[PDB]
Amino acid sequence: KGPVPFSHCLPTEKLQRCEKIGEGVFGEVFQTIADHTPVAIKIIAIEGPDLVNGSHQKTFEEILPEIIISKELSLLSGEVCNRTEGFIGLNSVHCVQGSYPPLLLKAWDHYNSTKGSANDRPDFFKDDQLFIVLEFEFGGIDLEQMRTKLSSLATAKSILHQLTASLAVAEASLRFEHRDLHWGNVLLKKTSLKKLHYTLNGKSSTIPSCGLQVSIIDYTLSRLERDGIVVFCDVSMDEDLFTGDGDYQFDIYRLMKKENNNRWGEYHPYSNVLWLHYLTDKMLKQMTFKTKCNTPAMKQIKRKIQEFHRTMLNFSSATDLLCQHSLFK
């Protein structure tokens, strides 16, 4: 009958176990336990007139595309013709109303002490504030936090292959573009699987895991088609999105705008190639590997990833990269 109280999504025990694990301008991400297993809870303030982390809160209408796309992408793990585990599972979505729970404030504070925060301490929300609460599968640790923790160049290659395959499957199934695949949005989790499986237009293939499962998250800017309807975030009048600096990330928003001539409902899967290029650049420039790069085999992978960086912009889509680029043969 409209929203629910926080206690509906976060009963005492689950709340007591919350720890903050990440953030953005959108809001806040906490980890807790459900059914003997970690879960990730994304909490987004909506519909309020107050500026939050420097931005207006989204309306439900502005948030709805992320909710829809989160649900669609969550289905790809079981779909027959086009299948991948390379996105993230969605457990539930709720509209919650209330002030921030004190335990979540203490968890926010703990994070701000240890890691620091770009957001405002969430102690100003009133009893009538609305939030969207998205409960996700716990996907591991983000690539930015792993920038000194990858084992080898083989791991780098595996991550790029996994990312490309995931995006290709979503392209084939949904005419998907991610549109904000910064390295905070690539999650790494240890797996005992040696080979990872995907199906692309009815053809199943595998990818050497190198011990990790990659999960792509955060569909705040994403675009896809579902039942002939294009679901997307229209950023045609956003100015600030295109005036960032200090990181190649901020160039990608401008490069996408160039590619699509500011028509965000159209399908331009080249944007996926652009994000993969930005990620390749991070691997080559902002990362150090536990085993360094000390053997002929590892040195050759590095040269191959460098060549990928220098050639991949001449491919039309994640699908084109997957199916045609030498790095993945």
Given for the second form:
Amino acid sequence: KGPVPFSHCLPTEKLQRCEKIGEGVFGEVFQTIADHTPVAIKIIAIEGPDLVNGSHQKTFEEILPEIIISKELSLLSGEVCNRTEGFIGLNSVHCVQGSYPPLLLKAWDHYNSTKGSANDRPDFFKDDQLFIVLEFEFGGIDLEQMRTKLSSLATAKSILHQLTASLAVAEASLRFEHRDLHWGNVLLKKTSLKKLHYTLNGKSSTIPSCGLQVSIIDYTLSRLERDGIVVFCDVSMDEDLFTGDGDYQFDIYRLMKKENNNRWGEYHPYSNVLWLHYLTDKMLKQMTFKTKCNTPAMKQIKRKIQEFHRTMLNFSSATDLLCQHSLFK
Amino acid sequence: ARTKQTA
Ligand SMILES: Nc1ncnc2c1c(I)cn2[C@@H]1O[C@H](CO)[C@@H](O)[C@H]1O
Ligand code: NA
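Alongside the form solved without the partner chain that was just displayed, please also present the structure of the form deposited with the partner chain bound.
What follows is the entire complex, opening with the chain shown before.
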């Protein structure tokens, strides 16, 4: 077949509505709308010689694991025995060719002026440059940007409960590890559902939403298996992944390496526990709740979450936490 | 937020 122009993924009206909503070393994420429905578009340069955001571009083979894992996780919303909507929907993947669309560069510029960017302005790509364009369901706003917007300690418990269940279901279905579940990768969207449903090994349960649906995104470093074929990112030789400081996030990579003996092909669901611990730590230390923590009931929820924080590292997986931890009774 | 630290 071969690639398609950016205009294929982003016809005039869709392109005009693109706004930048995030970034990483991988490239750029734009929100737009199609058939009256918001979507997020992740654009990753591939196969070219230019350094991008400090790193070499991936080949098509190197980007396949992300695509495969994005598809498997998206599929869980539709399964029976192990079902959850707690990841993100994947709509489509395309291989696109061109220089960066001028309208996306303007959107890039607007973000850089308001939020600041840690990326290079993507204005040096030639007309034959390839990209992978992944279109996802819009999952709302990341937990870091929502750190002053959560209502109450009940909201915090619901988010942790949703995260834990989603991970457990992915563990059970796919021997999944996220491996990079920093707070940019947890999305919150308003829902009018009072409770959310999941199914773990044929058993269905619900979790009070407190008005929010959580989505886990970005499977760049993730791992799973299907048909006893493991799909993963081998970061054994990536030293700078392990040398960060100034946030507990950067200890999580070191602690994962310790757990797995630097062997990233193996299944170690304890990594999901480590990420949950980091998120629980964020809930306790970096959130300013709109209703603060002002009643005996809210204080009690805070105490239960601190207890979770002090105990949860003695569990072996998200599935073990969900099924056995007192917080979820 | 980002996987590796970077201003
Ligand atoms: N599907 C989505 N819905 C809403 N926002 C999204 C996504 C995706 I894929 C990514 N993002 C935003 O972009 C940042 C970088 O991955 C993330 O930190 C996040 O802010
Ligand atoms: Na979701």
